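Go ahead and model the full structure; you've got the sequences and the hints to work with.
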Amino acid sequence: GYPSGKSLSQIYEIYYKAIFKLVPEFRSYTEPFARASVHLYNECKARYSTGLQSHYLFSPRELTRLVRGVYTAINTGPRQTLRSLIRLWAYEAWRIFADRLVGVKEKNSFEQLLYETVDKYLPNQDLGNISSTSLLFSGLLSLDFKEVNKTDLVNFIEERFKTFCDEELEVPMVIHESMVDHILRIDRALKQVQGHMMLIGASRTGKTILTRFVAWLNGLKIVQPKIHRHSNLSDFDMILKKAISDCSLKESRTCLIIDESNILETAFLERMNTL
Amino acid sequence: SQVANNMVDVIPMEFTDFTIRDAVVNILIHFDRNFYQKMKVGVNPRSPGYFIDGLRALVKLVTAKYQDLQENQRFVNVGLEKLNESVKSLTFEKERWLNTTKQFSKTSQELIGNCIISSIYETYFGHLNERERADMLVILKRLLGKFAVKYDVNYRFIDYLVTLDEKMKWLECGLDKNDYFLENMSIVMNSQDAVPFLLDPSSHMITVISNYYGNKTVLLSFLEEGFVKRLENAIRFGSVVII
Amino acid sequence: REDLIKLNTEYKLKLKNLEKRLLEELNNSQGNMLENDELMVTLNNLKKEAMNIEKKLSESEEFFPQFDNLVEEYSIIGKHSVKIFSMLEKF
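Chains as they are written, first to last, in the entry's author numbering: chain A, 2560 to 2834; chain B, 2926 to 2943, 2960 to 3028, 3297 to 3452; chain C, 3545 to 3635.
Incorrect hints may have been included.
Example chain B residues on the side facing chain C (calculated, C-beta under 10 Å, incomplete) [as the list claims (entries may be wrong)]: (1) 3014; (2) 3015; (3) 3018; (4) 3301; (5) 3302; (6) 3345; (7) 3367; (8) 3373.
Don't read these hints as lab results, they were simulated from the structure.
Ideal placement from N, C-alpha and C gives every residue a C-beta, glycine not left out.
This is the structure:
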């Protein structure tokens, strides 16, 4: 089974210990971070259960996700203040535990929880608005992964979307508060070694367009399976095989957008699993 | 609201009672919020779409109506200069025609809120029942009542967007007499920024649209073999297609 | 009921049809004899037509609230008939 909640606290201390070799000025902060991460985990697991939503399923893999998500930000970021690191930690905490959260009652519940945790383990008055909308971290504007300015980001997206609008398919849209937060979310996903993000967007939200965009910013070939009523598994197999052979033997760097419509049978989805 | 605002950024409008742009956007939100709340059942599967297309209908409809209001206002101003040149016994009644000139300001007051209803009919109503449409209309009218936009109290969607020449043309093909079936046909034709989905058990509609486009009418079905190619031929040379 | 909304739109289309007829002849028969007078006796007939609209708008404000008074009784009839059709449909 799972370990302790006190072994988990201890195990991730050693995880933070290793990554705080890169910020030696906060070597004394590894334990309350490890205790906070585990607290956040224990609480998310408790507050958001499979009784509300099926995908509400937490495990120490989240912890490992968070701890590594923290390192990668440090290893490629500006030399860090304590106010930086907790916000750096808080960003990952949001992306790991709360992106999956539906609706708003539960989403606000986590905002309060995150606040409750910092106050209990890392007591500072230097924190700001910890809501995801207010902490925006990016490597689009800086060479180092750093917290960016809301005004600086919106304008950067605006100049790049027109370009993407001109260079690629011509579709005009309104760039808005939700969309900036989401652009960074896809960006982090498409940056990590294994990058798999599934977007749950109703329809016309723009989820398919943003994906094409952020992929273009990251310099990814956007492959979209050309399926139809009279498409066989063999067709999809071919679409997949090529995209695989190009990725290794041509070093292509493709982004495969699969819509729910594209999965025509059981096997199609099984192929996606094996991948 | 962020999205609505940038879509109505273009400003045909003129001062009203109370902001004017701020009011319009707040109505549409409060209508979309009321539409899904009353009509749709099931827990939060569906979200904003009609809203975008409802705004896009309004922009296309206000532009079409304000340019036609200013066109009729120009037709009575050109007749004002021609009667003043002449001045005899009957012509001074014609000059009096400030009742119409006075009437224009009241007509322009309501055109923004009249376009609100027309756009809502085209977008939200297409698939609603006789009673389902009327009842939403009331909720829209009382929303138009809360906000300081003026609407026509004696308003009729048919007469407002259908022209008597077209209304005749439709029936000539063989559209049914009913008000419901008129509104439906108006919804299909009037707005074509989007492909229309016609649902009718009796494929009496598949002939109506065939009579209207005649030779140009090429009929297909998603089930036939040659569908894949026959559509590529239909698209290349401007053929009007029903699937 | 049918002619109320029919002649509302028809007379207004004929008011726009006669305004066009007046402007066509005023520009053609300004150098000719006083023909415009032959359309002005049709414009004298329009004094019934312009005010026919006023006659019909006045009786509309009397007809509409009576139409809405008659919807209620038929609603009472109407609501039972669907429940009956529903039942016969269900067989």
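These are the hints, each one checked on the structure:
1. Among the interface hints, the one on residue 3014(B) is violated; its C-beta lies about 14 Å from the nearest C-beta in chain C, farther than the 10 Å criterion.
2. At about 13 Å, the closest approach between the beta carbon of residue 3015(B) and any beta carbon in chain C exceeds 10 Å, and the interface hint on this residue is violated.
3. Look at residue 3018(B): its Cβ only gets to about 13 Å from chain C, farther than 10 Å, so that hint breaks.
4. With a least beta-carbon distance of about 13 Å to chain C, the hint placing residue 3301(B) at the interface is violated under the 10 Å criterion.
5. The criterion of a C-beta within 10 Å of any C-beta in chain C is met by residue 3302(B), whose closest approach is roughly 7 Å, and the hint holds.
6. Annotation: residue 3345(B) was flagged as interfacial toward chain C, and the flag is violated, the nearest CB pair being 18 Å apart, outside 10 Å.
7. Interface hint at residue 3367(B): satisfied, since its Cβ lies 9 Å from the closest Cβ of chain C, which is below the 10 Å cut-off.
8. Among the interface hints, the one on residue 3373(B) holds; its C-beta lies about 6 Å from the nearest C-beta in chain C, closer than the 10 Å criterion.
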